[PDB]
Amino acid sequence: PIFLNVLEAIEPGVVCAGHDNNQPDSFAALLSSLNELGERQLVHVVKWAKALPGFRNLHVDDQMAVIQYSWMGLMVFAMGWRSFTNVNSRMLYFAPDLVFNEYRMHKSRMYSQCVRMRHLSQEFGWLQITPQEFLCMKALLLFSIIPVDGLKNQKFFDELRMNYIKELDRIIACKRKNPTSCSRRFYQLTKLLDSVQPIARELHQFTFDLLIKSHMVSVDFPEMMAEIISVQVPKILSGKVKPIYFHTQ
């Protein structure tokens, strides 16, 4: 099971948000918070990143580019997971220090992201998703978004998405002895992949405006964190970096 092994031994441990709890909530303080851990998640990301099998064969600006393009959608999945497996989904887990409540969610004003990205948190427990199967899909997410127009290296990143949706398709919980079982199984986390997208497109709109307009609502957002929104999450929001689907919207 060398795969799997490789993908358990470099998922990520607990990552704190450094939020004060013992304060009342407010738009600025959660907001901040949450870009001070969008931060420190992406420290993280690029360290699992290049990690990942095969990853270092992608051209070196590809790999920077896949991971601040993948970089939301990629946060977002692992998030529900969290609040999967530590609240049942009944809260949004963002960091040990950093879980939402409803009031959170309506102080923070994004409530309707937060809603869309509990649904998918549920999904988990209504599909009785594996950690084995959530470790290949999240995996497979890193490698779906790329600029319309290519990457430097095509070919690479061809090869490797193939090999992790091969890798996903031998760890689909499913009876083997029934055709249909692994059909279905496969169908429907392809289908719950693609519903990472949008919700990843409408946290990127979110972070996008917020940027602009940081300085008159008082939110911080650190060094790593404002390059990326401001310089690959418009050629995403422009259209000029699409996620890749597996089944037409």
Contents of the next structure:
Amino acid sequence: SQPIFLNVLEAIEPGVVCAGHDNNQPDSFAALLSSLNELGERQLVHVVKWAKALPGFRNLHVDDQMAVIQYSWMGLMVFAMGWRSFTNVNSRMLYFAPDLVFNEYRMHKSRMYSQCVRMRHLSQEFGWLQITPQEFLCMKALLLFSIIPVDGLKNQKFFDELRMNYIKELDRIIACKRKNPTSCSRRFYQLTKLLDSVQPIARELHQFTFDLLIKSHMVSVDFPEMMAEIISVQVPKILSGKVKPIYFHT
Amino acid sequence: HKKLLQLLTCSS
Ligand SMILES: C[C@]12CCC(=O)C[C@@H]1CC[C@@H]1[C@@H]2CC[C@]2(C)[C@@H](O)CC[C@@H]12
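Given the form deposited without its partner chain above, produce the structure of the same protein in the form solved in complex with its partner chain.
Full assembly next; the chain just shown is listed first.
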């Protein structure tokens, strides 16, 4: 009969977020990165509101809720950006925000052209794999539950159950033919491979933003409060190996 | 940490 989980994910999916970028100023490293940082700060508000509205999320210990959001935001935001880029510009450009679309020139000026190329490839995967909106939403929800401390969470048992349930929801919505069991298996394989592929991209961006925050005063790049806190307190836990992604495949 | 946790405390 009529489900519920998908209804919820569709209902809570964040709307359009603008970066507040002044497209009159030249495309300088300082201007572009300061705008991406502000976009991050703005999107973080929406990620928190989204996560708190997810089925079961409030069952986690409050400190664990904070922790998973602070570790997973980069992956979540990149994955969502890849989808926007796919749907809006067929992955030709990176659609960070309606007022902050990166073309080749901006990719170069941002000094993260290589990372942008990887993000474009991620975006293109949505087309190559013909990912459905429902597959996208379930995959994105699972990204929230895909990075934790090596030492575990305060209530790891509840987390493990929640993650299991999100994996089950993804399995249920995969676009495949049940009459051909091999198709469903191949599809699930492809999707878990796609999910895993987000992590190395997020890692490169974690390294970049950390290095940027350290030199931010020297290169005139502004970091808002929440971003500067998370990049200085949580991101280094990832970079130092205290916090690691949960991969499907070895 | 203030603004971030504030987004969780508000209407918990
Ligand atoms: C998450 C954001 C902002 C939201 C988005 O759509 C994806 C994008 C990916 C690159 C991030 C950026 C936020 C600011 C960062 C972290 C910069 O400091 C360097 C890389 C940027």
